[PDB]
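Single-letter residue listing:
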Amino acid sequence: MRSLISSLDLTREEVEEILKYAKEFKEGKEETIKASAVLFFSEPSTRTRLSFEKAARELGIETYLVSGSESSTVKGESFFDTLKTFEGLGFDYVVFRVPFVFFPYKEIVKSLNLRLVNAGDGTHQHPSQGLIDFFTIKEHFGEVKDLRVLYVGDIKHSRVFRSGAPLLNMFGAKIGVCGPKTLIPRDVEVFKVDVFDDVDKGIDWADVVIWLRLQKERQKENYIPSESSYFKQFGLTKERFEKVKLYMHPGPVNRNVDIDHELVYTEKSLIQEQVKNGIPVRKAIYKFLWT
Amino acid sequence: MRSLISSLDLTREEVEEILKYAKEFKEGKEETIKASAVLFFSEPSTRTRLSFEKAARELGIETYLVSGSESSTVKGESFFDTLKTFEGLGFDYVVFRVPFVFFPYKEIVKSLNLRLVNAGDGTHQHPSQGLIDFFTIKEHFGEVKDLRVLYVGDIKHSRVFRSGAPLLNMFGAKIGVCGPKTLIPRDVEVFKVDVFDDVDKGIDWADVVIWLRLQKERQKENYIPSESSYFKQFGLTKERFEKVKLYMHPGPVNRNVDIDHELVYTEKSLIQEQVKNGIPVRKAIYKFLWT
Amino acid sequence: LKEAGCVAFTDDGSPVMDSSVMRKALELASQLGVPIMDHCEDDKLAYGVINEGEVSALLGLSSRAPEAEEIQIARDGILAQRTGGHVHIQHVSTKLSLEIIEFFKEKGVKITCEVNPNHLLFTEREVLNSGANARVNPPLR
Amino acid sequence: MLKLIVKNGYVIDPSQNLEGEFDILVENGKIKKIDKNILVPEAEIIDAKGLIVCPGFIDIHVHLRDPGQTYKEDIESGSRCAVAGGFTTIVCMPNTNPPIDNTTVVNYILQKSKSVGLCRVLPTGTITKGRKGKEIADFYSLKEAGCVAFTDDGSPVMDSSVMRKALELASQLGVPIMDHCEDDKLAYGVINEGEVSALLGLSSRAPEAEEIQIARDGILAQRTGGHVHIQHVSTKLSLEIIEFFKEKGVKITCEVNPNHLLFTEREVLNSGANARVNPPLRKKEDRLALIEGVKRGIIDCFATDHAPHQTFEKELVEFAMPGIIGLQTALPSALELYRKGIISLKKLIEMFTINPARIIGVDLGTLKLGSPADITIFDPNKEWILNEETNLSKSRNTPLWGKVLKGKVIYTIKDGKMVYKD
Amino acid sequence: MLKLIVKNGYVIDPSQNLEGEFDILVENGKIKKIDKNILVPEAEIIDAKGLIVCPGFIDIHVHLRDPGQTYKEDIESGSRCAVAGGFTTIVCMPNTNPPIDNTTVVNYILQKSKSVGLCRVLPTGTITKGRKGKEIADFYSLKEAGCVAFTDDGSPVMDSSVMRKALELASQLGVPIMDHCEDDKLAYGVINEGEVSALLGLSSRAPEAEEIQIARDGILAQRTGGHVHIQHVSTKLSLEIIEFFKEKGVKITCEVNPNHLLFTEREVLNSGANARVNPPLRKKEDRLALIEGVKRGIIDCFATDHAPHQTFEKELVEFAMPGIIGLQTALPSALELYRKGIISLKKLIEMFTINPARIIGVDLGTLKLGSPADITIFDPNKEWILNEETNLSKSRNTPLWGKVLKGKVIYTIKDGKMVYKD
Ligand SMILES: [Zn+2]
Ligand SMILES: [Zn+2]
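Protein chains in written order, with the entry's author numbering: chain B, 1 to 291; chain B', 1 to 291; chain A, 142 to 282; chain A', 1 to 422; chain A'', 1 to 422. A prime marks a further copy of an entry chain.
No lab work stands behind these hints: they were computed from the structure. One should not assume that every hint holds.
Result set (DSS-like, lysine-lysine): computed pairs, CA atoms no more than 25 Å apart in a straight line [what the hints assert, rightly or not]:
1) B:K220 / A'':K185
2) B:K75 / B':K238
3) A'':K346 / A'':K421
4) A':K185 / A:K185
5) A:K165 / A':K185
6) A':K185 / A:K251
7) B:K245 / B:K201
8) A'':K394 / B':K243
9) A:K246 / A':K283
10) B:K192 / A'':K284
One side of the interface only, derived from the structure: several residues of chain B' facing chain A at Cβ under 7 Å [unchecked claim]:
11) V101
12) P104
13) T123
14) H124
15) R162
16) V190
From the three backbone atoms N, C-alpha and C, an ideal C-beta is built for every residue, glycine too.
Bound-form chain B, shown alone:
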């Protein structure tokens, strides 16, 4: 049973093979995978769940949905027991999104006759979003090698950054981060990153900027004073628009916090392209794991 838990477990060859399938699926490739999948979205994320679900259904995979965990929290029941129940019910795939960090995972994954697809585990990994962001950048520029890719925002809590940065690094891109200094890990050097204090300097350096969703929670946690000050310091404002080359944004946009309400759909925006590329990348992941 093959699984996809972390971008750190992918080899170059594997990324090449996934992105090749993704491009074929984008170009109209059809395939039938005769399998069932449970979409276990303990943490709900409609956009991601619909994307995995529609990817699976277009491949002929029967999909079953557990959402909210359906009132989360079965007391006394582990994540392992839930997965083991899925195995007993005969599911081929489990696509899971959970609010905790699934670590360690190697030995648990090995003990299960399931193809596990991590759709986001806390603050740890979101491999398909990493791949989608990589694919989108690659579709635009041809190659990612030597590109200067800036992530802006809450790096510390970002499973999307942790999934994309290592993929981009593996293929020769240069990563930068910019955000509230309270939200940049002290050893962010593990990702081999340039650090900008000032988002304007970051924007001038970048070929492409990836605004990460700012969660309102960060204000109450004292990482930022307010959302509107965060927008002024770090967001894509109308003044910054003239300078930005190209930009992306993974989750749903927090308008006038991450990105100006007028700037979501522009000729410099690849935001809608990432939405479009999610299904073909997730079809490629199902296919990749069907061995």
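Using the hints provided, position chains B', A, A' and A'' with the ligands relative to the given structure of chain B.
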């Protein structure tokens, strides 16, 4: 329209016929039932709903899900009106799980052009779990006749016990119960049961022990002093493991309350077998009612 | 209330849970020459729907313990003996209830009781034949 | 000594129907032989010529105030009073601080009592956590650690479902509930609702508070099949209700405080706060009812309710802590029932020995061959006074302080070892 | 035997500056004589030819989980691990359930430990009632019952006035405060704030949480004249701050967990939840700083922080209980400092014996004539593995599970009595 509300309404012949189908479905029988089913899980129970849903889908039945009742509680709207709406929408089956006791039911069932499948009604009945437990025991021993089957825990609130005990009795098994004395009905003799005060004596007598899920609620209700004392008095501990012959557990395990966290998957455990047997038994129920 | 025409005081269909309240009501009512009519059913032991017996065990319907009634009858006979008030027990449904009432009558205590003809006709099994039309407080035993 | 002989004494073991002038041979802490004129060379000798020999007394109701109130009494001073009054087994109440509601408190008491080594101390646990009345305590862990009964003493359980649940769980474990019966809505004042409260205007505790809860407990014991033990009966109506349930085969037992046999509510006028107790001393009619209850077998045993409080807790009746001491004073108190031809001596002994032993389900209160050598030796006619010279309690709270007492313990033998000598 | 002789072994008593090949005569549980070739007819003999003989080890930081979590460990299983690892005295932490904040819990532990009879168990009390941080505990009753120090371990004291007050009251009583230094506003995550937290996104515990509280504690010890003992130093800045205050004559001591000497935050990548501990395993630079701290005398003693947790409490790092076991594993862990020529053998022994003895103010950790015969006998070169065959703890939570260890206890002697044999 045939329905399955209660294990008390099943004749020997009917149980024989259901378990025959269940065994054929376990051995790989395929069948198409051209029908629609609504899964109406007012009380959510992911494991049971997935099992009924996957059973139905593998038979080609189109399934529709109403879960949480989707915010429960339509004020002024009865359970009858909901069922009558399902009938008007043309559903063939209604699989329902509700937090109240559906009683009386005979005359309501008679008035509806629907195949009703009780997936749990409060503290009353859960016929498919009864049958699954019966089937699992029978798969292991060949016959249930003369077996000593011990249920441990909250007998008073147990629809699983009320569904299984009469089936096992009908085929010549001997039932025992053991639990907090506050949770044993005073007239539990209606089920023709041996009563053990001490779970160790119960374990020595039993061929198979069925640990019933202890709900944390019972502590606040003063039926038990604490979950960890309950584990010590009644649970499957590591010391008890050496003495236990074989054991089962219907819902999700409340680890270190019902069963020690290390003892869920062992060579003496039929817990994962019950999960496995749920789909074939529930396929057999759909088939049984398709007349 | 007595001056306007009330002939007795009851919290029917609720029990009085505080014994001092029941004691006080008996004192004041006896001073006025009128009885207390009591719905005896301790609400900690009787909050379910039918008798705690074979039908509740079989079906899993919540139950009302016979002791809820007996405990309150005993309480009421003790209070009537100590206050000299007249208590009237509203709907006796068990044998132990009748043994306790007679215990106090034999002492000259002003305790009376009545029976619902339905408890003379029907048991808890009527729940299996008439459904909710057999639902009553205290239950058919 | 390997071997001990209690010589020349008048033996009464009611559990065995044994009376007469026998000697007793003790070996390895156990009753070896009972026989006319016994001798073994250099076996140790206790001379009981002119004295009564019987099984060691058992008091199923003692406050040792240990832990947490050990300025009133402790396990050592408690166990000293116990043996000085003929007791080789006592049962301590759980209203200590911290209360006996976890196994750490249980084990502290067992190990401390083992060190003091005078007297078997058997703990009870609470019915509810903290005795707060809201959540049932852990009966199972508590019973397994050594608790022999559950009580919320000196608080009542007000929720009947809680009491019903406690009886169910305790019966499942084979142990009784001991209940302090006094409805807190009817008993929150200081003395009996009678002539003294009317006269003086002191707040009162209605007799019905006790009776209501006794009736409740007998009904619950009948319906659950549990064993309830009524802790301190003080009225005639209480005894009529208990007998109503006994006559039905209900497992209901009761005990009497020798103080309710001696004293009425008028003692408040003579001893002030030293007559303040829960439940209160009632009227003459109740006192005589209790004596008749002891005579006619409704009351199963004597139990002191030894409840030490300091002198500063015993000044103005309104503010006094309720309780009377009684371990050292129980025997001579019981003995005036005997002198007044109300009970036989055998009957007196039953009520201190085999009767309380059967209530707590212990194999003691007996001189059966093979049973532990817990033996009491007394003089029914010897006079003394409980005062500063003779008091072993850290407290003095008794209406009998300074009165002449008749009947006294000469020896207490616990497991073949002498632990008290007059 | 009246008399015991430890024959043929290499004796090291650093407190007395004694080393060489001597025999030891023990009588009535005390060190009688130390001399070249000793013999007394039919005095009992222990043959220590080829082995190191030194004073019994003292561990001032052990969780016995007793009362209340005895599925993890108890006083007996704890005292077994202790003696199997050379320890004749251990100091138990107060974070039990119920916590050590009253004399009943203290006395339960003393009496239980006395029954087990292997190992001196010295309790500590909490700093605050319930370890809730709001009210100071009863230092006086607790010290008088036998507590040797006060700690809120494993919680920090967040209110500086509370810590100041605790130091004042404790110094008045002649006892130290043991502090778990980790500011709860800066340390509420699961692992070190370093490369592993950045990489994986696990919540972190800032090194400054520890340093801020160490600095605070040294300032308070200087101003109050109290003795503070820092429980588990894990960074270089921590050691620089401790030394800043030592150099001023401030009574501040510290200990190191052998696990912070062996392992960095990367062990989280190799052992998962078995590397989860408070304070966390830090970086390579901190590990080497600690070793230098041990070498240059800033760190006063080794203390295991033996912290048993079950396997189900050690799965996903996010949800794992913090703690590592280490009683049985301390000696061979320390011994690779010796093998790597970082510390002498004498120095190793000091840090297990007289150094911790002086921190808790106990007259142990010594083979002085007249002192109790607490003696440890070991083989610095003998190999073994901690696995199911050799583990005496009810738990297994250590990154050393299944690794080859070098250095092992052959005998543990407590009060002249052999209590552990290889
Ligand atoms: Zn008492
Ligand atoms: Zn610690």
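Against chain A, with CB atoms and a cut of 7 Å, does the hint on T123 (chain B') hold up?
-> holds (4 Å)
Can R162 (chain B') be said to touch chain A, with a Cβ gap under 7 Å?
-> holds (6 Å)
Satisfaction of hint between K185 (chain A'') and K220 (chain B), Cα-Cα up to 25 Å = Holds - the C-alpha atoms of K185 (chain A'') and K220 (chain B) are around 14 Å apart, at most 25 Å.
Hey, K185 (chain A') versus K185 (chain A), does the alpha-carbon distance stay inside 25 Å?
-> holds (17 Å)
Holds or violated: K192 (chain B) with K284 (chain A''), Cα cutoff 25 Å?
-> Roughly 19 Å between the alpha carbons, so the hint for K192 (chain B) and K284 (chain A'') holds.
Is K246 (chain A) close enough to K283 (chain A'), meaning Cα to Cα at most 25 Å?
-> holds (24 Å)
When the least beta-carbon distance from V190 (chain B') to chain A is tested against 7 Å, hint result = holds (5 Å)
Restraint check for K165 (chain A) with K185 (chain A'), where alpha carbons must lie at most 25 Å apart = Roughly 11 Å separates the two Cα atoms, so the pair holds.
Proposed interface contact between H124 (chain B') and chain A, which counts if any beta carbon pair is under 7 Å | Cβ of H124 (chain B') sits 5 Å from chain A, so the hint holds.
Between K346 (chain A'') and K421 (chain A''), is the straight-line Cα distance small enough, at 25 Å or below?
-> holds (23 Å)
Given the proposed pairing of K394 (chain A'') with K243 (chain B'), does the C-alpha separation stay at or below 25 Å?
-> OK: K394 (chain A'') and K243 (chain B') at ~21 Å, within 25 Å.
Pair hint outcome, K185 (chain A') versus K251 (chain A) [Cα-Cα no greater than 25 Å] | Holds - the C-alpha atoms of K251 (chain A) and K185 (chain A') are around 23 Å apart, at most 25 Å.
When each numbered hint is compared with the structure, no violation occurs for any of them.
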